[PDB]
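Asker: We have chain D; now place chain E onto it with these hints.
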Amino acid sequence: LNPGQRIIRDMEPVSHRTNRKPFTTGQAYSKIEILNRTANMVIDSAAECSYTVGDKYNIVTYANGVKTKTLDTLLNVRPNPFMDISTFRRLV
Amino acid sequence: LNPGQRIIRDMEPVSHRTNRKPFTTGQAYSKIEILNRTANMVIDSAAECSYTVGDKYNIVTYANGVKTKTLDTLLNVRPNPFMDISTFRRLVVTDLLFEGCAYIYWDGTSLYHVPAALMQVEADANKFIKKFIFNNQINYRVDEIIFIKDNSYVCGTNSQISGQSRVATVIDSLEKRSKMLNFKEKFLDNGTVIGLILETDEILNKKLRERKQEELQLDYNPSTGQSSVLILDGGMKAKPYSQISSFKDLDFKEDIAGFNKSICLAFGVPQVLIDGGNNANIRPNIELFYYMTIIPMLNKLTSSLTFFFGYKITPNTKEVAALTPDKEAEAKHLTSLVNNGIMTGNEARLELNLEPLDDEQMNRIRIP
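If you read the sequences in order, they're chains D and E. Take the deposited numbering: the final residue in the first sequence is number 102, and no numbers are missing along the way. Take the deposited numbering: the final residue in the second sequence is number 378, and no numbers are missing along the way.
Looking at chain D on its own, in the form it has when it is part of the complex:
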């Protein structure tokens, strides 16, 4: 596999957050105009890109055997029975 892994594992055995100051960040976004506008421009612009599904590589993977029409419908149309596509994308 990778002999070094047992050592790399000990350099950072568990993730840690980086968004310190979460409260003041939510205040800023809720109160400072230029942050609100630029963030909304980025989110609202990225959310409206369509996804195209191409050919299938032969390699095995986790999400095995899903028919293309289903994956297309999930990505482009309906992620799950309860939430739209746009809200899902903007959340992500």
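Don't read these hints as lab results, they were simulated from the structure. Fair warning: there could be bad hints in the mix.
[As the list claims (entries may be wrong)] With a Cα cut of at most 27 Å, we get these calculated BS3-like pairs of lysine-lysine:
hint, chain 1, residue 1, chain 2, residue 2
1, E, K77, D, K66
2, D, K41, E, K194
3, D, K77, E, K79
[What the hints assert, rightly or not] To list a few chain D residues with every Cβ distance to chain E over 10 Å, as calculated:
hint, residue
4, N12
5, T28
6, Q37
7, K41
8, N50
9, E58
10, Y61
11, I95
12, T97
[Unchecked claim] Non-contacting residues of chain E with respect to chain D, defined by C-beta distances greater than 12 Å in every case (computed):
hint, residue
13, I18
14, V24
15, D117
16, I148
17, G355
For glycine and all other residues, C-beta sits at the position ideal for the given N, C-alpha and C.
Answerer: Chain E alone, transformed into the frame defined by chain D:
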């Protein structure tokens, strides 16, 4: 081999790091905006170059006999069973930029990124490199690592083996700029703003004096109150004064701009990309940024991979949406070459990303 090697070996028997100040560098990247943006632009731009695998040279090498389809799938699609291609590329480019070196293990049919901060290179006395030491705790054999290094001139020796960090040259400026900005703020909180000074040689009842100060302050300000003439009696004198130190003399603006330019220059991203300009500015500047900064890095990497595998390997930009040429020019280029019988039709379809069409004429030159 090389008679001098036994001597060169003693000039630098083991590599040494060059990214001193690792903590403050991680603070800076985590906290200073212009560093974060320019680094993210470089990493995110380099990660999206595709690689093309060419012909095979006949020379023997370490990674012998790997079929082209496998190498292509590993480089373009899936480096190993557990990590994507994009995360792998971004990790490798991060190490190459920040530390100045990058190392990749190979395991028959797997490539794994190996953190550059923990590797060390030991010089051989006859060959180039004897072994790679990881964390002083495991030794990798030479034919099991792919090694990349940036330029290095160290302690007055041109340096094999070692690599200079790029980012290490920038910290000096990030400190000074931060200092100025903090001073620019704190002068305001240390400030002192007086509206009027009144003076006497008499002694006045302190409580009434304080009340009088608050009355004058609330009455005279136009926002709070109406009154504006002031009549002094019993000998209170108004003392003329002046602002003994003023905010006007803090004209920092060009000095901090210089530091921004230095940072922006160390990565080598044109200011037009930080601003956005006119069309004539913007469209050529993208090609400037791509060709001058990124493509030499990828040429370092691909030349190391062609050395290791022995295949011709080179990066293809034409997937990059930023570069992709104008729909008008490309059509007149391709059409004119096709009609004048220099290039076959399917070659044009290929260049337009289209599948070749099997009609024989599409693979014929047309003379007239």
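Asker: With reference to the structure, classify each hint as holding or not holding.
Answerer: So, going through the hints one by one against the coordinates:
{"no.": "1", "hint": "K77(E) / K66(D)", "verdict": "20 Å, holds"}
{"no.": "2", "hint": "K41(D) / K194(E)", "verdict": "24 Å, holds"}
{"no.": "3", "hint": "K77(D) / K79(E)", "verdict": "25 Å, holds"}
{"no.": "4", "hint": "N12", "verdict": "5 Å, violated"}
{"no.": "5", "hint": "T28", "verdict": "7 Å, violated"}
{"no.": "6", "hint": "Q37", "verdict": "19 Å, holds"}
{"no.": "7", "hint": "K41", "verdict": "20 Å, holds"}
{"no.": "8", "hint": "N50", "verdict": "19 Å, holds"}
{"no.": "9", "hint": "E58", "verdict": "16 Å, holds"}
{"no.": "10", "hint": "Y61", "verdict": "15 Å, holds"}
{"no.": "11", "hint": "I95", "verdict": "23 Å, holds"}
{"no.": "12", "hint": "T97", "verdict": "25 Å, holds"}
{"no.": "13", "hint": "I18", "verdict": "29 Å, holds"}
{"no.": "14", "hint": "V24", "verdict": "19 Å, holds"}
{"no.": "15", "hint": "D117", "verdict": "7 Å, violated"}
{"no.": "16", "hint": "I148", "verdict": "5 Å, violated"}
{"no.": "17", "hint": "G355", "verdict": "24 Å, holds"}
This entry does not satisfy hints 4, 5, 15 and 16, going by the numbered hints stated previously.
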